Amino acid sequence: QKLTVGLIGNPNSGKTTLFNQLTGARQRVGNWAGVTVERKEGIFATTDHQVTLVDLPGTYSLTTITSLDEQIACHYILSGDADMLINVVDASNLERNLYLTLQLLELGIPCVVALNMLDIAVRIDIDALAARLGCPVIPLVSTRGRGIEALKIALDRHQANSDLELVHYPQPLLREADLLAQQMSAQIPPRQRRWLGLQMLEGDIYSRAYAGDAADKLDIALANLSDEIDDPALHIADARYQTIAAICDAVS
Amino acid sequence: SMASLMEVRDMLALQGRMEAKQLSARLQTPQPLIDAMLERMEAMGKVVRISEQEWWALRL
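Protein sequence lines correspond, in order, to chains A and B.
Note that the first sequence covers residues 2 to 66, 70 to 125, 130 to 260 in the entry's author numbering.
Note that the second sequence covers residues 0 to 51, 73 to 80 in the entry's author numbering.
Heads up, some of the hints might be wrong.
Computed footprint of chain A on chain B, listed as stretches where at least three residues anywhere in the stretch have a Cβ under 8 Å from a Cβ of chain A [as the list claims (entries may be wrong)]:
id : stretch
1  : 4-15
2  : 35-44
A short, non-exhaustive set of chain A residues, derived as facing chain B with CB atoms under 10 Å [what the hints assert, rightly or not]:
id : residue
3  : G25
4  : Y61
5  : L98
6  : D238
7  : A247
8  : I252
9  : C256
Just so you know, the hints here were simulated from the structure itself, not pulled from any lab data.
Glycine included, C-beta positions come from ideal geometry on N, C-alpha and C.
The shape of chain B in the complex, shown without the other chains:
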């Protein structure tokens, strides 16, 4: 019962945009592992980032 790549997609599938700060705390999982997972899917094309601070959401 520790987080999985598919659990992150499913998380962003509902709340859309989301700080990793939130993802780490809401998924009951260390931050730098969530940070590495996002960075993976993003290059895999599954997620993407937003700035102005970081925000992750779905798709190409």
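The shape of chain A in the complex, shown without the other chains:
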């Protein structure tokens, strides 16, 4: 019945103070896997699991270009440690917050969206938002301490995220990113490899390494684009920001 949840989210979004109210009393600390920054693990209980919550660094994405945080999280996600995650999402800056959200859902790993600070906001169409991401979204007004209970309950039930066309990419990029996937070892779930192929094209460095014997084919793939695409790193982050805008228009 033990459970491990990764608490990922943007910086400056009460990820900090949400982590508090979940755990509250029990919060141990440690240095992170061989470096100088702070791993903040905590324990709380639902009426089904004892959750090991793992505070991650604040980060705006998973694109690792040194600026660790992205890599620290990109690692822990791919490590298969977390049973599921919580993406903390501020509603005021949605266009900003949602880049991380789309990457986390493409990676398929079970996620639950904690919608943040909603006294800082007026009101939004949540039911359509969750169904556009294929995961559940719990909205919160935390200073009451209300809605947290719904999020404690949401960790208990959620099995896997719905299978949706989250981002519509141009087929040229998919084509070459699919090929970078087949060169990788099947040790990695095929869903993730498709993702790692696109992060490698975006200019990700931890993916350049994680994929390994495949990054030698990265430059010869990027050459096959230069013909058709002016800059592939942008069209990737663009098509993401396309569906970002498509969502934020459909709920606001």
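The hints should help you fit chain B onto chain A, whose structure is shown.
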């Protein structure tokens, strides 16, 4: 016909320095989406900022 990352690069490619205030109004696009796009490319290394109020231009 709503803005795209490449459309922002192309915008700064001509007018160089440019307030996001201007970019939002000139590209026919909400401000906080343009603000998020710039902040993306900037960390991606594609654009950069200037102060004294904000001004965006191209490159590393």
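Comparing the hints with the structure gives:
Counting residues of the stretch 4-15 of chain B whose CB falls under 8 Å from any CB of chain A gives 3; the rule of at least 3 is met. Proximity of the stretch 35-44 of chain B to chain A, defined as three or more residues with a beta carbon under 8 Å from a beta carbon of that chain, is established by the 8 residues found. A cut of 10 Å between beta carbons decides the hint on A:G25: the least distance to chain B is about 33 Å, and the hint is violated. For A:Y61, the suggested interface contact is upheld, since its CB lies about 7 Å from the closest CB of chain B, less than 10 Å.
The interface hint given for A:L98 is met, as the beta carbon of that residue sits about 8 Å from the closest beta carbon of chain B, less than 10 Å. This hint holds: A:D238 has a C-beta 7 Å from the nearest C-beta of chain B, less than the 10 Å allowed. Because the smallest distance between the Cβ of A:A247 and any Cβ of chain B comes to about 9 Å, under 10 Å, the interface hint for this residue holds. About 7 Å separates the beta-carbon of A:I252 from the nearest beta-carbon of chain B, less than 10 Å, and the hint is met.
Against a cut-off of 10 Å between C-beta atoms, the interface hint on A:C256 holds, since the closest Cβ of chain B lies about 7 Å away.
Violated hints amount to a single one, hint 3; each of the other numbered hints is respected by the structure.
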